[PDB]
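Visitor: This is what each chain is made of:
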Amino acid sequence: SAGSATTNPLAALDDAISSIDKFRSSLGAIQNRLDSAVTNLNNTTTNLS
Amino acid sequence: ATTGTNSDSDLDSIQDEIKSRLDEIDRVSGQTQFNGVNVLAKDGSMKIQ
Amino acid sequence: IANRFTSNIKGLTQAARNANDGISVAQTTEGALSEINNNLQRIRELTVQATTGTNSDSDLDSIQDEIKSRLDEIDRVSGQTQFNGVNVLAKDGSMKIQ
Amino acid sequence: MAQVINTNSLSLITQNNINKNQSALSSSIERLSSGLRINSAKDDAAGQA
Amino acid sequence: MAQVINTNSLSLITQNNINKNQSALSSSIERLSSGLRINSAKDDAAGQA
Amino acid sequence: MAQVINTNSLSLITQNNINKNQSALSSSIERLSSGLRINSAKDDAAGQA
Amino acid sequence: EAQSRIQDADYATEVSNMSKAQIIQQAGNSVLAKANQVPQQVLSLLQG
Amino acid sequence: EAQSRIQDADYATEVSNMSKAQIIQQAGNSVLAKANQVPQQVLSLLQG
Amino acid sequence: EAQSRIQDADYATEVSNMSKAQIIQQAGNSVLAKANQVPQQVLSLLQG
Numbered sequence: 001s002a003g004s005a006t007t008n009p010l011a012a013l014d015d016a017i018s019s020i021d022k023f024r025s026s027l028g029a030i031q032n033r034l035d036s037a038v039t040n041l042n043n044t045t046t047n048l049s
Numbered sequence: 050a051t052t053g054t055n056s057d058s059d060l061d062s063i064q065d066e067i068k069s070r071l072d073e074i075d076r077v078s079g080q081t082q083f084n085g086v087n088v089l090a091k092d093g094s095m096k097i098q
Numbered sequence: 099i100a101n102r103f104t105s106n107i108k109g110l111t112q113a114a115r116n117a118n119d120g121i122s123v124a125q126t127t128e129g130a131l132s133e134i135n136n137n138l139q140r141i142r143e144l145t146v147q148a149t150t151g152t153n154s155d156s157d158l159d160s161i162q163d164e165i166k167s168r169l170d171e172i173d174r175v176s177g178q179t180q181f182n183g184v185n186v187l188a189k190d191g192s193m194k195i196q
Numbered sequence: 197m198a199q200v201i202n203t204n205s206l207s208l209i210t211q212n213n214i215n216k217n218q219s220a221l222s223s224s225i226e227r228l229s230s231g232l233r234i235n236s237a238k239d240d241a242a243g244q245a
Numbered sequence: 246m247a248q249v250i251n252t253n254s255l256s257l258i259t260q261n262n263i264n265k266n267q268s269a270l271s272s273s274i275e276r277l278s279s280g281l282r283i284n285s286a287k288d289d290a291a292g293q294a
Numbered sequence: 295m296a297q298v299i300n301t302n303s304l305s306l307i308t309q310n311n312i313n314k315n316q317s318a319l320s321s322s323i324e325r326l327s328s329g330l331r332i333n334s335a336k337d338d339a340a341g342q343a
Numbered sequence: 344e345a346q347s348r349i350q351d352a353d354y355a356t357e358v359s360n361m362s363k364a365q366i367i368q369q370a371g372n373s374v375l376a377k378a379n380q381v382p383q384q385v386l387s388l389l390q391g
Numbered sequence: 392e393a394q395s396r397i398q399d400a401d402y403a404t405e406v407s408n409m410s411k412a413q414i415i416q417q418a419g420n421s422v423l424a425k426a427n428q429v430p431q432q433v434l435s436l437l438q439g
Numbered sequence: 440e441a442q443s444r445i446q447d448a449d450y451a452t453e454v455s456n457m458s459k460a461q462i463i464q465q466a467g468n469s470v471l472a473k474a475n476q477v478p479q480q481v482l483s484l485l486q487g
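Residue numbers (the working numbering), protein chains in the order written: chain A, 1 to 49; chain B, 50 to 98; chain C, 99 to 196; chain D, 197 to 245; chain E, 246 to 294; chain F, 295 to 343; chain G, 344 to 391; chain H, 392 to 439; chain I, 440 to 487.
What the hints contain is simulated information worked out from the structure, not anything from laboratory work.
Mixed in with the good hints there might be a few duds.
Stated by the list, open to error - If you want the ones that stay clear, here's a sample from chain A, every Cβ over 12 Å from chain D, calculated:
(1) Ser1
(2) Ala2
(3) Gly3
(4) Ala5
(5) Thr6
(6) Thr7
(7) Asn8
(8) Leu10
(9) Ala11
Stated by the list, open to error - Think about it this way: if two alpha-carbon atoms lie no more than 30 Å apart in a straight line, the pair counts; the simulated DSS-like pairs of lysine-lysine are:
(10) D:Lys238 x H:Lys411
(11) C:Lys189 x A:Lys22
(12) E:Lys265 x I:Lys473
(13) H:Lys411 x H:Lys425
(14) E:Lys265 x D:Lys238
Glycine included, every Cβ here is placed at the ideal spot set by N, Cα and C.
Can you make the complete structure from the sequences, with help from the hints?
Guide: Structure below.
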């Protein structure tokens, strides 16, 4: 006669935290590559000038 | 990444970053252009008078 | 040569960080081991008390109940000691540090 | 220099170098202010996780 | 910095970090002065009850 | 020490050792006050029986 | 006993906490002054 | 302690980094002023 | 507490504000002098 309390609260919270961390890591990688793109654009602009 | 302390999620995040930077290398190589010529996309040579 | 030196410097710095992580792992495992050793010492003292022939059946039962409780603690600590999601004392494997 | 006045290659190069420094200057100042090595996950996200 | 004077990202970030530390500073001083772990129930209310 | 200010491993270790000693301090004071070797069965229960 | 277990913060713990909090505050204030040494090299650039 | 190992940048290294960054910035600004001293020798040639 | 929340300006905030205000003032004055270097090349044009 299973009740209504959540079965594995710690496991569920771990899954949620893992999802948040994964998405933050993806954003960080995107930002790093975007900064690299900015630097390359500045160098190319200088050389074209 | 090669350290044995890192767990599966850590390796996944590191590989995500590595894939992002490899994509950046490919993007820069493909899109670098001078006077309508992709210098880094061909294996030819240019003759200067 | 400057590029090679930059690569070597970065690699060595990251390697130092990895070695620090390995030291942390060793510290955690050794702390758990120290607790287990204290439990075993107490168990041996209880056994020395129990083996004497003056004790009666109820006394032996109580002593063995305490012994069983501390053995359960040893098993619990061994099973549940964890570092970064890896059960250090629950596996007979090996770890590699770059 | 003496031959051209419409552009300044030296000025452009100096500005590029100044910006390249500015990145590290801002990073160091914010790292000292916060007191944390891993900040805003603009770095190895394995450490953040 | 060398680009702009109307704003100071370094100053803003430093102010944010200072405020974040000041919260814990005030909490610690109040906790020491009162001598009570659970104070004003700005923390675990089950302990208060 | 000179590297970090967010934590103090020396302080943590010292606090642990202080607590470990305080346990035995309390045991000894209680034992002297009561005048009984076996007290409240925090020790060998066969002796109490 | 139980009430003391729940309440009665660890004076060692909060002494350490306030000490490191004060140090972080002083470091942040000094760095804040260093940052508030706001762009002035632009002034030098101006007269050039 | 392990978390402190991973996090918690070293103030010695960070102070050295910011100091050298500030000096490189001031040097860049001064050299920028020298370069932005863009040629008036063209004007000098002009009236000749 | 509440009155302090409402009042009591943030010394960090207004220190930064006045610093950047002073810098803007000095930059404006220098640029104003450069502008008040009003067209004098017309004088050169005159004798030509």
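Visitor: Against this structure, judge whether each hint is valid.
Guide: Evaluation of the provided hints:
1. With 12 Å as the threshold on Cβ separation, the claim that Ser1 of chain A sits away from chain D holds: the shortest Cβ distance comes to roughly 39 Å.
2. No Cβ of chain D comes within 12 Å of the Cβ of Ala2 of chain A; the nearest lies about 34 Å off, and the non-interface call holds.
3. Look at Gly3 of chain A: its CB is around 34 Å from the nearest CB on chain D, clear of 12 Å, so calling it non-interface holds up.
4. For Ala5 of chain A, the requirement that its beta carbon stay farther than 12 Å from each beta carbon of chain D is met, with the minimum near 29 Å.
5. No Cβ of chain D approaches the Cβ of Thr6 of chain A within 12 Å, the least distance being about 24 Å, so the stated non-interface status holds.
6. Its beta-carbon lying about 25 Å from the closest one in chain D, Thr7 of chain A satisfies the requirement of being farther than 12 Å from that chain.
7. Interface exclusion of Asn8 of chain A from chain D stands, the closest Cβ pair being 21 Å apart, more than 12 Å.
8. Once the 12 Å rule is applied to beta carbons, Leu10 of chain A is consistent with being away from chain D; the minimum gap is 17 Å.
9. With a closest Cβ-Cβ approach of about 17 Å to chain D, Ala11 of chain A is found to remain outside the 12 Å limit, as its non-interface label requires.
10. For the suggested pair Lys238 of chain D and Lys411 of chain H, the alpha carbons sit about 22 Å apart, so the restraint of at most 30 Å is met.
11. The hinted pair formed by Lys189 of chain C and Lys22 of chain A meets the criterion: a straight-line CA distance of about 28 Å does not exceed 30 Å.
12. Between the alpha carbons of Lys265 of chain E and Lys473 of chain I the distance comes to roughly 45 Å, so the proposed pair goes past 30 Å and is violated.
13. For the hint pairing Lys411 of chain H with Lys425 of chain H, the CA-to-CA distance comes to about 21 Å; that is within 30 Å, so the pair holds.
14. This hinted pair checks out: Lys265 of chain E and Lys238 of chain D have alpha carbons roughly 20 Å apart, not beyond 30 Å.
The structure fails hint 12 only (numbered hints given earlier).
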